[PDB]
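Colleague: The lines below spell out each chain.
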Amino acid sequence: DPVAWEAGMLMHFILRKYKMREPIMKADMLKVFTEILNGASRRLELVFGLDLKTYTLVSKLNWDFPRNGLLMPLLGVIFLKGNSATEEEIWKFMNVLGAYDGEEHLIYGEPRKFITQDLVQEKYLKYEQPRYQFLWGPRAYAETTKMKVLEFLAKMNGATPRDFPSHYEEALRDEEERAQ
Amino acid sequence: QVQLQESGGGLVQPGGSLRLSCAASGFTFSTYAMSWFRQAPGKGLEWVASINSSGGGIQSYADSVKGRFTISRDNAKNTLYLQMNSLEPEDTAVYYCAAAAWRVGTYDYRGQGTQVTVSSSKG
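Order-wise, the sequence lines are chains R and H. Quick note, the first sequence lines up with residues 1 to 180 if you use our numbering. Quick note, the second sequence lines up with residues 1001 to 1123 if you use our numbering.
Just so you know, these hints were derived from the structure itself, not from any lab. Among the clues, some could well be false.
[Said to hold, decoys possible] Partial list, computed: chain H residues near chain R (C-beta under 8 Å):
1. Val1002
2. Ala1033
3. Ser1035
4. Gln1039
5. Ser1050
6. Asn1052
7. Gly1055
8. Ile1058
9. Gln1059
10. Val1094
11. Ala1100
12. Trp1102
13. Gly1105
14. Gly1123
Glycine included, C-beta positions come from ideal geometry on N, C-alpha and C.
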């Protein structure tokens, strides 16, 4: 699937251009199609909250916890693999975002310290065991739902929550349990 | 339009109790998960507690407060409550009330806060 990887590289390029005080025009990223730029735009709009793809980027927040933008994706993949994800699967997910162990990510910083310490200290995640796995934290259970995280998890690599039968059923049951 | 108004702060002797309230207007209160944060003198913002929407049956607390603070909500009054028992001087801080955003890990609205000072008049 070279075109998804192409959109990912274009997204990395647009992120580098956005963080630094550098402009972003179509001809600039042409040499470095419409499906690929639309994919880069969807990735920027969902993972980082960057709307427009000469272009002009407009953001959403990013009392600002920009790195916490990573949280709902993670809570998604954990919910995708039942309710607990292997650390290897988590790192595989972090890779397509461009975040690598011991690497200073452009926005997240070093990802291991952020996801096994910060998000754990904040009760958003749990990181337990010589193999480790990630699970939802109590803050996650309190501040979002299985249905909202399923909506997010489907919005990328999917379309609707109904495409996941068992997951949509579990989110319905979770909504019924919460209403009590 | 939207407003979160915190109230109930003041001086309190250690080991005593205090109820903080947060009145919410301009949005559907019952829809948002709510949180209490606090900022101590010369320290950063610290998450205190969180409670879910749609029944409020899921509470979460920081370890510093787990056995002593109690978050609750009245949807009919659009009000959030933080009950603080067995208070300690560490609990001296400005306390803020904040509505959790749909993108979990961020927040849409926050109040102006109320000051809670835990100190003894003689001790």
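Colleague: Does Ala1033 (chain H) meet its interface restraint, that is, does its C-beta lie within less than 8 Å of any C-beta in chain R?
Modeller: 5 Å, holds
Colleague: Is the interface hint for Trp1102 (chain H) satisfied, with its Cβ closer than 8 Å to some Cβ of chain R?
Modeller: 6 Å, holds
Colleague: Just to be careful: measuring from the Cβ of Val1094 (chain H) to every Cβ in chain R, is the smallest value less than 8 Å?
Modeller: 13 Å, violated
Colleague: Quick check on the hint: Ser1035 (chain H) CB to chain R CB, less than 8 Å?
Modeller: Holds, because the Cβ-Cβ distance from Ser1035 (chain H) to chain R comes to roughly 7 Å (cut-off 8 Å).
Colleague: Against chain R, is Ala1100 (chain H) within 8 Å by beta-carbon distance?
Modeller: Cβ of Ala1100 (chain H) sits 4 Å from chain R, so the hint holds.
Colleague: Holds or violated: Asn1052 (chain H) as interface residue toward chain R, Cβ cutoff 8 Å?
Modeller: 5 Å, holds
Colleague: Return the status of the interface hint for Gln1039 (chain H): holds when the least beta-carbon distance to chain R is below 8 Å, violated otherwise.
Modeller: Violated: closest Cβ of chain R sits about 10 Å from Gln1039 (chain H), beyond 8 Å.
Colleague: With a cut-off of 8 Å, does the beta carbon of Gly1055 (chain H) approach a beta carbon of chain R closely enough for the hint to hold?
Modeller: 5 Å, holds
Colleague: Checking hints one by one. Is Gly1123 (chain H) an interface residue toward chain R, by the C-beta closer than 8 Å rule?
Modeller: At about 32 Å, which exceeds the 8 Å cut-off, the nearest Cβ of chain R leaves the hint on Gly1123 (chain H) violated.
Colleague: Regarding the hint that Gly1105 (chain H) lies at the interface with chain R, is the smallest CB-CB distance below 8 Å?
Modeller: 3 Å, holds
Colleague: Does the nearest C-beta of chain R fall within a distance shorter than 8 Å of the C-beta of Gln1059 (chain H)?
Modeller: 6 Å, holds
Colleague: Take the shortest C-beta to C-beta distance between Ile1058 (chain H) and chain R; is it under 8 Å?
Modeller: 5 Å, holds
Going down the numbered hints, you'll see the structure goes against 1, 4, 10, 14, while the others check out.
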